[PDB]
Structures are given as C-alpha cells and as structure tokens.
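Omission of a single protein chain aside, the complex is shown with its protein chains in their original locations.
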Amino acid sequence: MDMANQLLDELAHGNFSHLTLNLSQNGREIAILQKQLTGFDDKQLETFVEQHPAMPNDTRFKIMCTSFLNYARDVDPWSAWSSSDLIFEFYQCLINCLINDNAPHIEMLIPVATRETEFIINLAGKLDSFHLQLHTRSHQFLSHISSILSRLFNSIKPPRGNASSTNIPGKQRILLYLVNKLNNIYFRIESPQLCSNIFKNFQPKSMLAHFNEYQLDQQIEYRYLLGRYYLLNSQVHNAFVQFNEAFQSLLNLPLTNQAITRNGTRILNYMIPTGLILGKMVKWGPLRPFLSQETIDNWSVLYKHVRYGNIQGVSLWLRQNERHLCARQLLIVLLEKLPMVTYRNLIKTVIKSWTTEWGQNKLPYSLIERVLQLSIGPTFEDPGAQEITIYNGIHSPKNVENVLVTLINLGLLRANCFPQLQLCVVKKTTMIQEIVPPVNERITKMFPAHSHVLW
Amino acid sequence: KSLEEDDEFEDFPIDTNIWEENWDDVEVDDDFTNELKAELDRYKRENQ
Partner (left out) sequence: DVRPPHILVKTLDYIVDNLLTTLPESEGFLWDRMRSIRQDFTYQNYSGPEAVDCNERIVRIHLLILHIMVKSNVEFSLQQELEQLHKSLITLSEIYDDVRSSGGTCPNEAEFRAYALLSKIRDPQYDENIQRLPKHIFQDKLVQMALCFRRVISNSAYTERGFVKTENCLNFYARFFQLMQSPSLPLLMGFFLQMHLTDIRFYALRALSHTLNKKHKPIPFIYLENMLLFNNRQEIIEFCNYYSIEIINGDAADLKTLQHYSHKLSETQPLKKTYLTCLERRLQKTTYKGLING
C-alpha cells in the first residue's frame, strides 16, 4: 500500500498520529515511507501534497506536509547533524501552521507542536554542544528555536472583550507553557533579559481571568523564572514573593515524582538567600523533604553569622561558597545586600545591652568602632592580606558614621547622628523594637513588591 | 547528571507557614555574641 498517500489522507483529515520528528515513536513507519519515497524529486512530493484529495487549501499547511515528506525521504537516522536541516525546517513549517488563528486543523496541530517543541529543544541543545565542530556560533540552534517560538508567541491574541464562546483556543491553552519554554531557552542561552518582552506581554495576551486558573505546575515554573529574572535585576522583594508563592504552590502539589522534589529544591536555592536578604529565616521543618542536611547546615551557618552581626562571618561564608553562588547568580546580590541586615543585628545587640539594660542613651562612635573591629575584622588596609578582595575591600571599621547613616536611611535604625559630637542618639527606652524595628517589615514597606498573586 | 543539577525545571507528568514568626525575640547566646558582650563590658570599663 502507498504509505505516502495514506499519510497524506491522515494529515488532510487532521490525523497527526504519525506526524512527529521522534524516530523512537515513528521509526518503522518513517522507514517504510523513506523506502517508498526514494526516487521522487522535490517537485513530485510537492505535487503529491498539492493534488491530494481533501487536502486543506492552505499554503502553509501544504508546505508543512511537503516538508515532512522531504524529511521522511531524506532523513538519516544515523546522523543527527546530517538530518538537522530537514528536522528544523519541518519544525519551522509546523509552527508556521499555528500563526493563523483559523488555520486548518489548528486544534489538532497544537499538541503536535508542543511535542515537537520538546523534541527540537533537546536536539537543539545536543547540536549546540558541538558548535565548534559544526562551525556555528554558541546557542545558534536553540536561539533559532527561540525565534520560532517568539513569532508563535506574538501570534497569540488576547480574548475579544465580548467573545461569543468560552472556547479556550489551543493557542491560549499553551500560552503559559510557551512563556515558560521561551524564558527557559533565554536562560539557557545565557541571555535572560530577553524574557522581558515575554513577561510584559504574557498577562495582556491571556484570556484567563485569574493566574491560578492555569495549570499549577506551569504557575510554579513561571513564578520560579520570574523570581530569577527579578533577582537578576537585583529586585529582591519582587523576586521573593515569586519564590515564596512558587514554593507554597509546590507544597500544595501531591509529591508524585522525584523531579518535583528537585524542582522544590531549585526554588529553595533562591528563596533562602532572597528571604535572608529581606530579614526572613526559614523553619527547616517543611523544607526537610527538599533539602539535604548539609545544605541546611550551610545556610544555617550563614543564618548564624547574619543573625548575630558577624560581617567577617558572612564574607567568609560567601568566599567558601563563591563558585556555586556565582553559578546561580547569587554571589553579588548577597555580597551587596546581606551586610546591612548583619549590621542591623550587630547594632541591635549593641543597643540592647547598652541602652535598654545599661541605660545609656548615647552611642559614641568609638564604641561602634570597637564593635566593628570585632565584627569586620581585617580590611584591605590591614596587614596579612595585601591584595584587595570583595571580602576585605568593602567593609572597614573606620566608617562608623557611614554604617549608621545607611542603617537610618534604610529605616533599620531610628536614631539621630551628631558628627561634630561623634555620637549617635537613640530614644531612651527599654523596648528594643522601638529603636531597631523588625527588619522585614521596614524593607517591605520601603520596597513594596508587586502583587504576589499576579491576577 | 545535568538534568538533576541544572537550574531549569525538570518535566513531570502532571496529576502552610514555613517562615520564622520573629527571630529577634527568640534570642540564643552565640559564641560571637559572647565575644561581643565581653567587648562591650571591656569598653564600658575602660571608659568609666
């Protein structure tokens, strides 16, 4: 039996059971098709699609079918590179069949498009790893995929304000799926700022009235990627609400797979430092199934150093953890934003005994300079470390007034400064929270994040 | 190995208070806090 004619019947009637680039699912049928299609030139295949009965009178659809016939005819299963032109060509045609909202067999083509999207993403990574041997630039294949998915994303239109049906068109069903796929691509090619447009046009294109109406897994991944983006722009609160809601939503999911536990671990790897910057420390109870004991010990060491005002402790912890923190884009933001919390707790313990217990309303700069001598420890000026480092070049016990001034400007210390008296006056009181308020409330009030529930 | 260590979420077939209320009030004597308190006592004593 003519298997090309048969396949063209199936494709002409929206039966895409054999329309796939995955030879692990299509191998035998594609082999038969390859033996039967050998002989025919490109124009003969194009004619096979053009003159086929019941074939939709769509140029892009017929281009897709012809491209799949070229693939099946010329595919070399022994060489992923030699067959890559056919594979990527057919993928681009397939996505082209989705740009028109009223394209033929659009609803049947969408699942095919998602399937082939996962396949072509895997193959695109595989081929990008050999960019030197293939004479291609870095991430060229996957970036091409990102362009295709970007045009598909632009083609998705918002709902009509007075729509006549509640039909969720399949282009809307995969909207968040496409957003997370595209943003993940932008993260893997190491150009995550390209997510910006994708994040800006997501909600305007969505027909769903609430963000919680998408699949909760896609919600979790979206909050994860959005939080990582925010954190890439050093917006710690905006990232924090996204990581937090992501991990809560993950706690609601039934723990079916190990990959869900590892995804929760991926969320925590960012939620713990982001929270710590905002003065929040986790309770390890609900985090036992997602974190090893050694990770908990590490973050607990950092927790002690920040909690009791040990700047040298914090810088030492960042120094020992430098590599993996740089891998997750975490070192710079912690190096910059953990110090003010650590200082806050340092002068918190100082003002506690000095003011609430010993009844001294004044904080001389010499006292805070000795305290900073204990907390900071060595600096670039000091001997034994004659080369400047991010861990010894920033913090110096000489800059008492600067630390106090930043603490007061961040709202972490309610006090007045006297530079010519060289002292810092707090309010005479026994309650320490009146002088040093809760840090998370102050930070979140000064930096109000966007709505944690998107919409 | 790369699927488990990479930051990108893994694919899986689809089918609470976790933060400290306040760590300022729950105070625990720390080693560093002990040396800091001792430094506060020595400074309080040299500056009588």
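Observations, loosely collected:
Here the chain labels run A and B in written order, and each chain numbers its own residues starting at 1.
We take it that contacts are C-beta pairs under 8 Å (C-beta built on N, C-alpha and C of every residue); 3 or more make two chains touch, one makes a residue touch a chain.
Of the chains displayed, those contacted by the omitted chain across the entire assembly are A. Within the whole complex, the absent chain has one touching residue among A:80, A:255, A:388 or A:453, and that is A:388.
Across A:35, A:137 or A:427, the single residue that touches the chain missing here is A:137. The residue from A:19, A:340 or A:372 that touches the chain not shown here is A:340. Checked against the full complex, the candidates A:234, A:292 or A:293 give a single residue touching the omitted chain, namely A:234. Within the full complex, the residue among A:366, A:416, A:429 or A:433 touching the omitted chain is A:416. Where chain A meets the chain that is not shown, the touching residues are 131-132, 137-138, 190, 192-193, 232-237, 277-278, 323, 326, 329, 331-332, 335-341, 380, 387-390, 393-396, 398-399, 401-402, 404-406, 408-410, 415-420, 425, 443, 446-447.
Operating definition for what follows: only the chains that are shown with their structure count from here on.
Centroids of chain A and chain B (each the mean of its C-alpha atoms) stand 25 Å apart.
Only residues 4, 7-20, 22-24, 30, 32-33, 35-37, 39-40, 43-44, 47 of chain B touch chain A when the two sit together in their complex.
By the touch criterion given at the top, residues 118, 180, 184, 187-188, 215, 217, 220-221, 224, 228, 247-248, 251, 253-254, 256-257, 259-260, 262-263, 266, 269, 275, 280-283, 285-287, 304-305, 307-310, 313, 328, 346, 348-350, 353-354, 358, 364, 366-367, 370-371, 374-375, 432-433, 436, 438 of chain A touch chain B in their complex.
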